[PDB]
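My request is simple: use the sequences and hints to build the entire structure.
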Amino acid sequence: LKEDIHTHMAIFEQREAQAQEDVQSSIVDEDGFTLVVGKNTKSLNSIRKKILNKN
Amino acid sequence: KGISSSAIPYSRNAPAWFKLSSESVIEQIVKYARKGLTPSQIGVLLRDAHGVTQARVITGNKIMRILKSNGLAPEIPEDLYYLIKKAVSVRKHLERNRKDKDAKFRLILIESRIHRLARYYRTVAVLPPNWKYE
Amino acid sequence: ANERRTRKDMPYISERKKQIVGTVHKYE
Amino acid sequence: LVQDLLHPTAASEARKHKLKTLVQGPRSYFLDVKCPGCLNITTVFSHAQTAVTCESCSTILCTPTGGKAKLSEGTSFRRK
RNA sequence: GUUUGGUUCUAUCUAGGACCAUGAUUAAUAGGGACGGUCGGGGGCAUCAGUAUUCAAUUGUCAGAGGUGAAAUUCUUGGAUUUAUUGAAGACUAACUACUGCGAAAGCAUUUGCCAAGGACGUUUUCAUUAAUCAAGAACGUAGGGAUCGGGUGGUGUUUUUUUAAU
Ligand SMILES: [Zn+2]
Numbered sequence: 001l002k003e004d005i006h007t008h009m010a011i012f013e014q015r016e017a018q019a020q021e022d023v024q025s026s027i028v029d030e031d032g033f034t035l036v037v038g039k040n041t042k043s044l045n046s047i048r049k050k051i052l053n054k055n
Numbered sequence: 001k002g003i004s005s006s007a008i009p010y011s012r013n014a015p016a017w018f019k020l021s022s023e024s025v026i027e028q029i030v031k032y033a034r035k036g037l038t039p040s041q042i043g044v045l046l047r048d049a050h051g052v053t054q055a056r057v058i059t060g061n062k063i064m065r066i067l068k069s070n071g072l073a074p075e076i077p078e079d080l081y082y083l084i085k086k087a088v089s090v091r092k093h094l095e096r097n098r099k100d101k102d103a104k105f106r107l108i109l110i111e112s113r114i115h116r117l118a119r120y121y122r123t124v125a126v127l128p129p130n131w132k133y134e
Numbered sequence: 001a002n003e004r005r006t007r008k009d010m011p012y013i014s015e016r017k018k019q020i021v022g023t024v025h026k027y028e
Numbered sequence: 001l002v003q004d005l006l007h008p009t010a011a012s013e014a015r016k017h018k019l020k021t022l023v024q025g026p027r028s029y030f031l032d033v034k035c036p037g038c039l040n041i042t043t044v045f046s047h048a049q050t051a052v053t054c055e056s057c058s059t060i061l062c063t064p065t066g067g068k069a070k071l072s073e074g075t076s077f078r079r080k
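Chains as they are written, first to last, in the numbering used here: chain R, 1 to 55; chain C, 1 to 134; chain S, 1 to 28; chain Y, 1 to 80.
Rather than coming from a laboratory, the hints here were simulated on the basis of the structure.
Every residue, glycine too, gets a C-beta built ideally from N, C-alpha and C.
Where hints are given, some of them may not hold.
Stated by the list, open to error - Simulated restraints, written as ranges between beta carbons of each label pair:
#: 1; chain 1: C; residue 1: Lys1; chain 2: R; residue 2: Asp29; range: 44 to 54 Å
#: 2; chain 1: R; residue 1: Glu30; chain 2: C; residue 2: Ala7; range: 48 to 58 Å
#: 3; chain 1: R; residue 1: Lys49; chain 2: C; residue 2: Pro74; range: 42 to 52 Å
#: 4; chain 1: C; residue 1: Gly36; chain 2: Y; residue 2: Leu5; range: 30 to 40 Å
#: 5; chain 1: C; residue 1: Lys99; chain 2: Y; residue 2: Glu13; range: 50 to 60 Å
#: 6; chain 1: S; residue 1: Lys26; chain 2: C; residue 2: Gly60; range: 42 to 52 Å
Right, here's the structure in full:
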C-alpha cells in the first residue's frame with residue numbers, strides 16, 4: 001500500500017495541477033470572449049457544475 | 001469639498017456598437033415606469049439592462065420630457081420627493097426616541113435644504129404655489 | 001525603479017529616444 | 001514635470017484623473033457578456049451598480065461593487 | 001395621445017365624420033438628489049463583558065493595622081490589616097493609544113443588535129442656476145517631497161486556497 005499511495009498520488013497531483021493551470025489560462029473563446037475564472041479555482045468542470053447548480 | 005461625478009463623453013450620439021432600435025428604449029422606460037420606478041433608477045437600469053449611455057443621447061430627449069410625453073409625469077420632482085421622504089423618516093425616528101439631538105440637528109438641516117428647493121420650485125412655478133411643506 | 005521592480009514588460013527606454021513620439025515613414 | 005499644456009503623452013493622460021485632463025471623458029467601458037446558462041449575449045456597464053440579470057435565464061451576471069463589478073465566475077466577456 | 005359613439009362604400013376588407021385623458025440648446029473640477037461596495041472610539045435605544053473600588057456573608061492565623069518629613073487622630077483579641085470562596089451596589093472603560101479615526105462645535109474609546117443619519121469614493125444616472133454672504137431669528141453646547149487614513153484603477157509574488165456563501 002506504500003507503493004500504491006506513491007503511484008496514486010504521483011498521477012493525481014499531476015492531473016490536478018494540469019487541470020488547475022488549464023482553467024487558469026483558458027482565455028480564448030472562439031468568438032472573442034474571455035472566460036472569467038475567479039482566483040485559485042481548480043477546474044473547468046468545477047465552475048461548469050457550479051454554474052449549473054446556480055440556476 | 002471633493003469632486004466625484006460622471007464624465008459624459010465628447011460624442012453626442014448613440015455609440016455605434018448599439019444594435020437596438022430607438023422606440024424600444026421608449027417602451028422599456030415606460031415599462032419600468034408602469035412598474036413604478038423613479039427616473040434615476042430608470043437611468044441606471046437602462047445603463048445596465050441594454051447598452052444605452054443615457055436617454056438624451058440614445059432617444060431624442062431626456063427621460064423627464066419623454067415621460068411627460070408618454071403621460072407618466074411625477075407630481076413632484078425627484079429630489080423634492082426624496083428629501084421629503086428622508087425628512088419624514090428622520091422625523092419618525094426622532095418621535096420614536098426624542099433624545100437624538102444629532103437627529104434633531106439633521107432634521108433642521110434637511111428642513112433648510114428642502115425649503116431652499118421649495119423656494120426654487122415655487123419661484124420657477126412648476127409645482128402649484130401655496131405648496132409650502134404641509 | 002520601484003515600478004520596474006514589480007512589472008515584467010517594461011522596456012528600458014533609451015534617453016536618446018525618450019522625446020520622439022511619432023515618425024511618418026516609420027522604418028526602412 | 002515640464003510638459004506642454006496642450007496634447008500630452010497618451011501615457012500621461014491615461015495616468016492622470018478622468019476629470020483633470022483637457023477633454024474629460026469616461027474610463028468605464030461597455031462590455032458584452034455571454035450568459036453561461038442560455039448561451040446568449042447581453043450588454044453590461046463596467047461599474048455596474050446593480051446585479052444585472054439575463055433575460056433568458058435570470059441567473060446572475062455581476063454582483064455590484066464600489067468600482068468595477070465582479071463578473072460571476074462562469075461568464076465570458078469581451079470589451080466593446 | 002384616448003374609451004367609445006355614429007355615417008356610407010368596394011369584391012365578409014376598406015373609406016370619410018365627433019366626444020372623451022399635453023409647455024426651447026450645453027451639462028461647469030457651480031449645486032442639491034438617486035444608486036452601489038463601503039467607511040468611522042458620529043448619534044439614540046436596548047444588550048453583553050472586564051478586573052478594579054466599596055459593602056456584606058463565610059473561612060483562616062495572630063498584635064498590630066493606618067497615615068506622614070516625623071508624628072498624631074482613627075480601627076483592632078466582639079479578631080483590625082492580609083489570605084481564600086462568593087454575593088450585591090453603582091461609576092469607569094487599564095495596556096491597544098499613534099502627531100491615527102469621527103462629529104457643525106462642545107466632545108467621542110468594552111461586545112452585540114436595532115433605529116435612523118452622515119462623509120469620501122465610484123458613476124456614459126437624474127434635475128437644470130436651484131449658488132454664496134451675513135443683521136433679525138432658530139437648534140445644540142510663493143513651490144516641492146515623503147509618510148499615513150478612507151475609496152477606486154492597474155500590475156503580479158507571497159499570504160491565500162479548492163463546488164457551501166462571501167471577496
Ligand atoms: Zn442564458
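Going through the hints against the structure:
no.: 1; hint: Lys1(C) <-> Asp29(R): 44 to 54 Å; in the structure: 45 Å, holds
no.: 2; hint: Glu30(R) <-> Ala7(C): 48 to 58 Å; in the structure: 35 Å, violated
no.: 3; hint: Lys49(R) <-> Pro74(C): 42 to 52 Å; in the structure: 47 Å, holds
no.: 4; hint: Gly36(C) <-> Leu5(Y): 30 to 40 Å; in the structure: 50 Å, violated
no.: 5; hint: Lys99(C) <-> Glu13(Y): 50 to 60 Å; in the structure: 53 Å, holds
no.: 6; hint: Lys26(S) <-> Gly60(C): 42 to 52 Å; in the structure: 45 Å, holds
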